[PDB]
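Asks: Here the structure of chain D is known, so what remains is to put chain B with the ligands in place on it, guided by the hints.
The lines below spell out each chain.
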Amino acid sequence: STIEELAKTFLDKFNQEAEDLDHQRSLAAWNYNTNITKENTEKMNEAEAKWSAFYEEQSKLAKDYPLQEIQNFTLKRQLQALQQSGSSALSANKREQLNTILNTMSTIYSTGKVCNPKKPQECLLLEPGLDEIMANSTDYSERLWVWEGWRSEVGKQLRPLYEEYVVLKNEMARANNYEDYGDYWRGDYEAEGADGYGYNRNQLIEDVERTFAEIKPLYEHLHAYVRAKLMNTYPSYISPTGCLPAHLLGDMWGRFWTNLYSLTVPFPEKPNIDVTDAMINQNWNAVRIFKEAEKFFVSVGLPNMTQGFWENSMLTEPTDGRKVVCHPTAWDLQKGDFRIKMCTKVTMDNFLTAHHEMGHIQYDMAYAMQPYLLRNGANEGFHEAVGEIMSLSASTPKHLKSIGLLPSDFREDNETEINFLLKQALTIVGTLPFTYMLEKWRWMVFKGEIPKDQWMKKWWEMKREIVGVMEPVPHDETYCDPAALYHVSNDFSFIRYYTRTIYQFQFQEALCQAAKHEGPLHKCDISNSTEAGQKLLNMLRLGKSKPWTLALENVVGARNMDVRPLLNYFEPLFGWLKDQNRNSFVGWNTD
Amino acid sequence: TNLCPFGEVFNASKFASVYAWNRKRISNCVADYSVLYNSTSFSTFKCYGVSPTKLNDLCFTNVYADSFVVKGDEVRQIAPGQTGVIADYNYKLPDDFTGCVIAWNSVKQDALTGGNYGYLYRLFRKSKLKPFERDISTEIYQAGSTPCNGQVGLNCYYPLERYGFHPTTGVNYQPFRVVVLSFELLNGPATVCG
Ligand SMILES: *[C@@H]1O[C@H](CO)[C@@H](O)[C@H](O)[C@H]1NC(C)=O
Ligand SMILES: *[C@@H]1O[C@H](CO)[C@@H](O)[C@H](O)[C@H]1NC(C)=O
Ligand SMILES: *[C@@H]1O[C@H](CO)[C@@H](O)[C@H](O)[C@H]1NC(C)=O
Ligand SMILES: *[C@@H]1O[C@H](CO)[C@@H](O)[C@H](O)[C@H]1NC(C)=O
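If you read the sequences in order, they're chains D and B. Quick note: this note's numbering has the first sequence finishing at residue 679, numbered continuously throughout. Quick note: this note's numbering has the second sequence finishing at residue 356, numbered continuously throughout.
The shape of chain B in the complex, shown without the other chains:
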């Protein structure tokens, strides 16, 4: 049995913006999850649905690792039962959730002295995403009754905006990278153990 490539996801050089979060499926895998908890350079690490220690010698059937970059302030929304700007219109996790929320500060990498307006987030959406939905439509959001044909004007705004991280801002306004782990004992053949 060959190792999970957790390492190539967590230590990846570039992260997707929250609104188009990057999802990797993990299969055919042995991995050491007690390594990731052993590390503790992670500001946040709140595995829900199942204690983190137990799962290292339990095998699982699919594993989905979603990574993205979000504002420090907002990491509190990547958890069941949370409604915020991110969880509402960017990455909702369901209530009956069995997985992890690993996150760390990324200031030294994802921040620029002067500005790193590369990451983005979606501020308007007609309705809340259903769990794990992804949405990357750049369609001009029409809140008015008056429809906007392509022109953004009053009561018709563009839906995404730039985070713009800076090295000097406060923690809450600092760029944290995030990885969410989903498990799926529902399929016949399991394929991810430790």
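Only chain D is shown next, with the shape it has when bound in the complex:
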């Protein structure tokens, strides 16, 4: 009878038809991924076209039920998530215009290659070779031609594109009742619910801001330290009080400082805990890895894997001649068919990865009781955040001894601990300010707060002030460096890495404190602890059915982001770096 009752009914139709067609699309994509043939590409695209068609139509109709009239937030969440048209709310012709823009950018980035000046014949391509150069090279000038070469051939080229892009997207978000594009992306975190549990898209900037205020100390000290160690590699080039040259950070953007570990190892005599050889000696099998993971999850209280996950997946490269893509992923084919694809290899890395492709699978299984619209993590952070803490527990040497990859008598000492913690910090802490600053330049471009001309300037001003990096060659406004990043030029939001990174540690702290843990947070292993497991589940099952604030307060007792657990994980390294930089300058001079 009423609008809401009709709306229920509409949804029931939807969920049921959607679920089936999502099964078919995903099935089609799985045959492509695990069996790359022209025919299987054909079918994957056909099934995609059908899925897209269907979803667009159902969205048009879903708008016919006005959100105002629904009084059930668990229903309103589904509606509101289905209703937003996004690109379909723009008029038609600008849709094909934008699509040609975006497809053109992606093709540029993929085909982007910048010649070496010393031997132009041996020009080179980004993803195959240039990443390796940026990761291993030690020579300043060689590395430099790669940085500036990429940014010149590509950056320039994408300048025109990105701006029209900003215009079409800004307009589109405005069509959707979002004041600019960046607001549209901050929509994800918006969450209305029981009073006090709600979240306004604006509070995101304030909470990203204020958490980063807490993080900045640790970053500074990691920064001074790594600059100090770098000075010895690049004597002539590095100011002992200046920001660092951008190209010298191990990767083409300076997104992760992980590749600097070789150069910044604190105690190089004591090598890092690699159990690969141990695994190899016990003639372990990829299967064995996945079974060891499964036993982990069972030990914490979570269901053993489904016989479909133990009957269908690809867990090793096929090695019968059929091409596949190596990248590891955890699939949910909407019907009880969970699966993982992973070209596994016998290394500690894969052992730790597989624990968390399985942390996904186990999220998928947790929330599958929920209707098809609510079957996802409470927001963009929670999925990988949750499947990272698994690889955090599995890494601890306590665990590694537990399962017999580490001899029973093991020496775990300050020197190796710091070595480890520090590699962690290169990867985890590096990318907090990089990420936050990037998404703030994007946010502020979209709010029009950066006029066109001074894009690069404003950009680099922020990179000097927030990230403390150098911009080796001066870039004027003809240059376009942010588009050199995949996520930037392939239209992906990026604050997920900030939020996700801050979540994981709040989790691992809540569980550990609940697994009656004694000592450093960084040695915690939740294994054999069902109390922490049931507590994790109580949030795992909610999917998007409850506002992510509530999904969080269930686990960690607090309704928002909090860096305290992060700082608390890294406290051992913080003290050591502070003390290690008392005779050196801490901070960057923005010049």
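Because the hints were derived from the structure by calculation, they are not lab data. C-beta atoms are modelled at their ideal positions from N, C-alpha and C, and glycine is treated no differently. The reader is advised that the hints may include incorrect statements.
To be verified - For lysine-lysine, the following DSBU-like pairs were computed, each having C-alpha atoms within a straight-line distance of at most 35 angstroms:
| id | chain 1 | residue 1 | chain 2 | residue 2 |
| --- | --- | --- | --- | --- |
| 1 | B | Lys216 | D | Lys101 |
| 2 | B | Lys292 | D | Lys138 |
| 3 | D | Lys411 | B | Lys270 |
| 4 | D | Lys164 | B | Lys288 |
| 5 | B | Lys186 | D | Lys101 |
| 6 | B | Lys208 | B | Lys270 |
| 7 | D | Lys429 | D | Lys411 |
| 8 | B | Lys176 | D | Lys138 |
| 9 | B | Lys292 | D | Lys101 |
| 10 | B | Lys288 | D | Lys101 |
| 11 | D | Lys535 | D | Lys244 |
| 12 | D | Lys96 | B | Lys288 |
| 13 | B | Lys290 | D | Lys164 |
| 14 | D | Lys148 | B | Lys290 |
| 15 | D | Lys164 | B | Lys254 |
| 16 | D | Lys379 | B | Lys270 |
| 17 | B | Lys270 | D | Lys383 |
To be verified - To spell it out: a stretch of chain B is covered by chain D in this simulated footprint if at least three of its residues, at any positions, have a beta carbon under 8 angstroms from a beta carbon of chain D; those stretches are:
| id | region |
| --- | --- |
| 18 | 311 to 319 |
| 19 | 322 to 332 |
Said to hold, decoys possible - With beta-carbon atoms standing in for the labels, derived distance ranges:
| id | chain 1 | residue 1 | chain 2 | residue 2 | range |
| --- | --- | --- | --- | --- | --- |
| 20 | D | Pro154 | B | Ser189 | 56 to 62 angstroms |
| 21 | D | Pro154 | B | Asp297 | 30 to 36 angstroms |
| 22 | D | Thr618 | B | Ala352 | 52 to 58 angstroms |
| 23 | D | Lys151 | B | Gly280 | 30 to 36 angstroms |
| 24 | B | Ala174 | D | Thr417 | 40 to 46 angstroms |
| 25 | B | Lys288 | D | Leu149 | 20 to 26 angstroms |
| 26 | B | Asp297 | D | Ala169 | 19 to 25 angstroms |
Replies: The following block gives chain B with the ligands in isolation, referenced to the frame of chain D:
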């Protein structure tokens, strides 16, 4: 006395879709019900109203054997007091029920690598079926106030949809075949014993 043809119902090659369930009446019959329980290849076998062992040497007056194919997940609704999508709009059993609910997985037969969208189920209906009612009307279901003359649009949906079984799906989403046995000591001449 000649044997019940339970065998020709249970081992039948093709099963009706739930919404048009297939009903067979059994009469003039001797049968061995302790054979069916002896088999135990049946995932589900919960005879209500009367213990399964007792009835083999008790004679009965009519027997109705209803068979259909339903989603594994849903077998729990084929029992008295259950309200689900199936029991609501497809095959309700009454409260005062005296009979059986035999069911088994049929994945190897009723599932296809690629899809077997042959079976169907009715998702909308103005009101709940009364016990044992059958309904096969394909009339467009109008939930709106605005009437739909044949055109399916907003607030006016088609009432049936396809199960679409696959060999890879999970148990709950796997095709279970089902046979419900009804007994009727209410008529004068009994005609089904053991
Ligand atoms: C791979 O795909 C081809 C057609 O695309 C198909 O004929 C072949 O049987 C498939 N092989 C496997 C192992 O899936
Ligand atoms: C998981 O363990 C339980 C208890 O032993 C067992 O009943 C169940 O069948 C196992 N899982 C699978 C998929 O076999
Ligand atoms: C869990 O308990 C088993 C059995 O006592 C033991 O073998 C295993 O090492 C334990 N794991 C941890 C992490 O304590
Ligand atoms: C169905 O067929 C199998 C094999 O022929 C047999 O063992 C079983 O008893 C049969 N069931 C009935 C009810 O006849």
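Asks: Flag every earlier hint the structure violates by its number, smallest first.
Replies: Per hint list: 1, 2, 26 violated.
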